[PDB]
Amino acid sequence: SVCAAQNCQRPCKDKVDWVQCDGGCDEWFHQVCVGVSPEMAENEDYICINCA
């Protein structure tokens, strides 16, 4: 699986956690690849590096 992060660490396993940018680009990222936790994912907004 590949996400939109600069260094998508190509997470290869069953069950992958994703998060989408609110900042505009509306692209998807592996939560691992952007270093965020599920709580941070569901409770608050995420602005990616390009949309920041």
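Heads up, when I say rigid core I mean the largest set of C-alphas that superpose within 1.5 Å between the two forms. Numbering follows the first chain given and starts at 1. First, how it differs from the form deposited in another entry.
- In the core-superposed comparison between these two forms, the C-alpha atom of residue 47 has shifted by less than 2 angstroms.
- The two forms, fitted on the rigid core, differ between these two forms by less than 2 Å at the CA of residue 23.
- Residue 37 is not among the residues whose C-alpha shifts by 2 Å or more between these two forms once the rigid core is aligned; its shift stays under 2 Å.
Can you return the structure of this protein in the form deposited in another entry rather than the form deposited in one PDB entry?
The following holds one chain only.
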């Protein structure tokens, strides 16, 4: 179920989205933990704070 937010990300869904760093560590991050939207995660590269 969606919440009152205009852009509800449905944290209640049965799927967890991930994104991998391109900066060099090559590690996997939960998208919500690093504050990226599925759009961001797919349309551009991702550089974690340790590789930044």
